[PDB]
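Visitor: Given next are the chains, with one letter for each unit.
Number of protein chains: 2
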Amino acid sequence: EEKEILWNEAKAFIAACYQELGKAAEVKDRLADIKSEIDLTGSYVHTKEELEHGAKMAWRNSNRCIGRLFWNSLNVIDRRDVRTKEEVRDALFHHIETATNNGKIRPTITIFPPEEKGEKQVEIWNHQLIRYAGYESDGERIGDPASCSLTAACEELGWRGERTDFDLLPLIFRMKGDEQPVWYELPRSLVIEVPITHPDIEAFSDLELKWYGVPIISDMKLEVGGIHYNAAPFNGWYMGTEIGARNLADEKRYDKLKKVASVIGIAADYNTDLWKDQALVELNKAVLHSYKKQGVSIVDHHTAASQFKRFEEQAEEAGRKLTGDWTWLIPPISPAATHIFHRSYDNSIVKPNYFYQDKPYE
Amino acid sequence: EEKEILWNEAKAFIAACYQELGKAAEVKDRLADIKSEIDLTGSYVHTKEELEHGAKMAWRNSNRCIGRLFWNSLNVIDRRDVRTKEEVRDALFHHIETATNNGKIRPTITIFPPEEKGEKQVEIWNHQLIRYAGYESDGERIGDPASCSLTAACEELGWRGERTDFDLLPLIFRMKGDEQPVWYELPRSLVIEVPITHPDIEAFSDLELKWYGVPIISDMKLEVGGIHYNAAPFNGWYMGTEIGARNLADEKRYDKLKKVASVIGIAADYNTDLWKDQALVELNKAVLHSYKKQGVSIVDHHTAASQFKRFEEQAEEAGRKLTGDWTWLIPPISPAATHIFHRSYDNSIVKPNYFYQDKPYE
Ligand code: HEM
Ligand code: HEM
Ligand SMILES: Nc1ccc2ccc(CNCCc3cccc(F)c3)cc2n1
Ligand SMILES: Nc1ccc2ccc(CNCCc3cccc(F)c3)cc2n1
Ligand SMILES: C[C@H](O)[C@H](O)[C@H]1CNc2nc(N)[nH]c(=O)c2N1
Ligand SMILES: C[C@H](O)[C@H](O)[C@H]1CNc2nc(N)[nH]c(=O)c2N1
Ligand SMILES: [Cl-]
Ligand SMILES: [Cl-]
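Line by line, the protein sequences are chains A and B. Plus 1 on top of the position in the first sequence (first one is 1) and you've got the UniProt record's numbering. Plus 1 on top of the position in the second sequence (first one is 1) and you've got the UniProt record's numbering.
A portion of the hints provided could be inaccurate.
No distinction is drawn between identical chains; accordingly, a pair holds when it is met within one copy or between any pair of copies.
[What the hints assert, rightly or not] Below, simulated SDA-like cross-link-like pairs (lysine to any residue); rule was C-alpha separation at most 20 Å, straight line:
{"#": "1", "residue 1": "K257", "residue 2": "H340"}
{"#": "2", "residue 1": "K293", "residue 2": "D274"}
{"#": "3", "residue 1": "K4", "residue 2": "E117"}
{"#": "4", "residue 1": "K24", "residue 2": "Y346"}
{"#": "5", "residue 1": "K177", "residue 2": "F167"}
{"#": "6", "residue 1": "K293", "residue 2": "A269"}
{"#": "7", "residue 1": "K310", "residue 2": "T42"}
{"#": "8", "residue 1": "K222", "residue 2": "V46"}
{"#": "9", "residue 1": "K293", "residue 2": "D270"}
{"#": "10", "residue 1": "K310", "residue 2": "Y271"}
{"#": "11", "residue 1": "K259", "residue 2": "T304"}
{"#": "12", "residue 1": "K259", "residue 2": "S307"}
{"#": "13", "residue 1": "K29", "residue 2": "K57"}
{"#": "14", "residue 1": "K257", "residue 2": "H343"}
{"#": "15", "residue 1": "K294", "residue 2": "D270"}
{"#": "16", "residue 1": "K257", "residue 2": "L187"}
Keep in mind that the hints were calculated from the coordinates and are not lab data.
Here chain A stands alone, though its shape is the one from the complex:
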């Protein structure tokens, strides 16, 4: 059954991929080669062209992603050759460097060897390569609550955080054959951070807020033609609301809205004053302003939605079905000011794609 599942996905993917690459005539010979290889070995190996286009298709098919217009310019790094933890570490370090690109962020994915018999070759524990630690003890809350369980797992392994609100978590990953993951402190020279200031309100810097420049998601599985790349970190650049409306705003995250209201000089006493809404707007203006000022790529939600409209238009004229998750595509502020809010989307799952997978801690 596993072999049949693999072969079916392989047939679907190779046909579609080669059609898009104008290589339709080669499909017949390639599929035969694949069928023999699966019969012989239980699996098959993608060509570099297949892997690159597959990672791109998977981004294109990500229903929840508003940034899909740029799917075809994804920078794919093939690291199926790594065998050692030093190599994995250095590949991760390299990804941070090349994706960051001095602030001019390059959308990038680094692809590690895939699962064999469902057996992982490399197992990355980080949610993102750059992420802040979180602590909770005796009612005391420090840093990012969403990082509490990973932080606790790191500290089991001999890591110790400084317990600022912005401790950088180490890289942590496990190799096939090892019972325990290893961890490495991030070289600070690789990590760009942005202090949050406001264009008009000088007092905003009193909050001493900051965020990291590049979100590099490292815990999703890339699936391409029935091959499972559980370890394949990728990045784009941030949409501002991700930071200003969620990471810094949510009560279960950094929960900064009351403090924002105070520094912008409004009362936080009455729902009818819409103080949360006003605070959200100013914090979000601050985030966009700060990233731009530092020369780190970012997009606002209006521009992002305009790009997504073009993605919809592009899909139609290319004759491809559009899929999307309305509930995630709408931005968490002024959603009705975007075209997204006013239409619907088919939420069917199409492969290649990126998928959630179980945490190895917890």
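Take the given structure of chain A and dock chain B with the ligands to it, following the hints.
Guide: Coordinates of chain B with the ligands only, in the frame set by chain A:
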């Protein structure tokens, strides 16, 4: 088949309704009476108790409604007795008066005779009893674009609007047996309107914005135990975002955001300035402030969401399933600041309920 459909819904409704009213023992005798009546007449007549509780249940089951906490205090007016257009007119006038209640809005429904053989007894053309007209000709846009087709239909019938941006549409409805609806101008003494001013920004009154006090939805069908009340206008009070984030903000409605930005003294040139977001917040603060100042009931979206949380809690402890439409329950501004955004809802349709129906014009 129609009779079977009716009887099945009747059985389901009477059982549930009488359970809730502690009248479970009476179900057996009532259902027999109903079965005979359907056999004899093709239909059945609700008791006053059944009708009142049915209209309440239908509100409770409205998946898209954030205001459901107060479902049980709905004021039900039984007008199944009306036979003439003067009576219908006067009932509609009465509803406006009693619901308005000098600004202290009473949630109210007036129920007219139901469809017979799918044959309407009274057919109301208005979307709401109080609503502004809309005009479009030679590129010239006046009033509410969403009212353009009804406005045009009214003007076919000899009505003429003054062509201000806030012309009150007349009541328009058709009686069984008539080929044409009749229309009646609304007495202005019945209609409360609210001028939009801002608490801090004096210039806001330069926009000369206003809205009506009470939204009285008059084009949905109430269904109760297989009986179709196509004519049954109802009202609550507004949630502020309905006016400030949609009616006055949408590009296809009054489209006021650029003008709002100008009077609050910000540029409307760059997406990254989040000028639409800031304008939306101030316009919405203005709406809430204005209604409160005039003594007309209104709720903000934060308070409304807090009430809805209590509705969820109430449903659970009463042992009732909760149903909801996430995409409509989230407010169109700062949705992630409400608990609604962070959970999911079962969107199953449960009866009694309110339903859309085809427009008799267009
Ligand atoms: C280039 C800039 C990009 C922008 C501005 C962008 C924007 C976004 C945003 C705002 C989200 C919602 C995230 C959340 O609320 O947690 C998202 C989700 C997502 N994006 Fe993108 N994205 C970009 C690039 C990429 C790239 C390069 C990939 C992969 C190759 C990708 C795949 C996804 C996926 C899989 C999700 C869903 C994650 C989940 O379900 O939790 N995006 N994107
Ligand atoms: C008491 C104050 C009330 C508030 C604050 C409230 C709030 C809301 C809001 C904000 C909407 C969304 C409307 C839109 O975006 O177009 C809504 C929808 C709805 N409400 Fe309520 N509501 C209230 C009372 C009522 C009453 C009295 C009924 C009927 C008895 C009702 C039934 C509905 C229905 C059926 C919808 C869906 C309409 C549609 O699909 O277009 N509500 N409510
Ligand atoms: N700009 C982008 C691009 C791709 C992304 C892909 C994934 C994500 C994060 N999605 C999950 C966020 C999350 C999940 C669970 C807990 C939590 F705190 C936060 C953000 C992205 N941002
Ligand atoms: N406060 C309330 C309560 C109940 C409501 C019930 C219905 C509505 C309106 N829902 C449809 C609005 C609409 C539909 C179609 C076109 C349009 F311009 C506007 C608003 C309500 N507001
Ligand atoms: C938190 C919960 O999953 C919620 O229903 C969804 C709604 N839509 C979202 N949309 C985005 N972009 N990101 C999110 O985290 C969520 N959360
Ligand atoms: C306009 C379109 O129907 C859109 O998908 C929905 C989204 N959610 C909504 N929610 C509310 N409360 N009201 C609306 O008109 C809409 N519009
Ligand atoms: Cl993030
Ligand atoms: Cl309305």
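Visitor: For every hint, state whether the structure bears it out.
Guide: Hints, one by one, checked against the model:
{"no.": "1", "hint": "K257 to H340", "result": "between (29 Å within a copy, 17 Å between copies)"}
{"no.": "2", "hint": "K293 to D274", "result": "between (30 Å within a copy, 12 Å between copies)"}
{"no.": "3", "hint": "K4 to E117", "result": "within (12 Å within a copy, 61 Å between copies)"}
{"no.": "4", "hint": "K24 to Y346", "result": "neither (31 Å within a copy, 46 Å between copies)"}
{"no.": "5", "hint": "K177 to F167", "result": "neither (31 Å within a copy, 71 Å between copies)"}
{"no.": "6", "hint": "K293 to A269", "result": "between (29 Å within a copy, 19 Å between copies)"}
{"no.": "7", "hint": "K310 to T42", "result": "neither (44 Å within a copy, 56 Å between copies)"}
{"no.": "8", "hint": "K222 to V46", "result": "within (17 Å within a copy, 60 Å between copies)"}
{"no.": "9", "hint": "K293 to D270", "result": "between (33 Å within a copy, 17 Å between copies)"}
{"no.": "10", "hint": "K310 to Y271", "result": "between (37 Å within a copy, 18 Å between copies)"}
{"no.": "11", "hint": "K259 to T304", "result": "between (28 Å within a copy, 17 Å between copies)"}
{"no.": "12", "hint": "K259 to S307", "result": "between (32 Å within a copy, 18 Å between copies)"}
{"no.": "13", "hint": "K29 to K57", "result": "neither (23 Å within a copy, 64 Å between copies)"}
{"no.": "14", "hint": "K257 to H343", "result": "between (30 Å within a copy, 18 Å between copies)"}
{"no.": "15", "hint": "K294 to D270", "result": "between (33 Å within a copy, 18 Å between copies)"}
{"no.": "16", "hint": "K257 to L187", "result": "neither (27 Å within a copy, 49 Å between copies)"}
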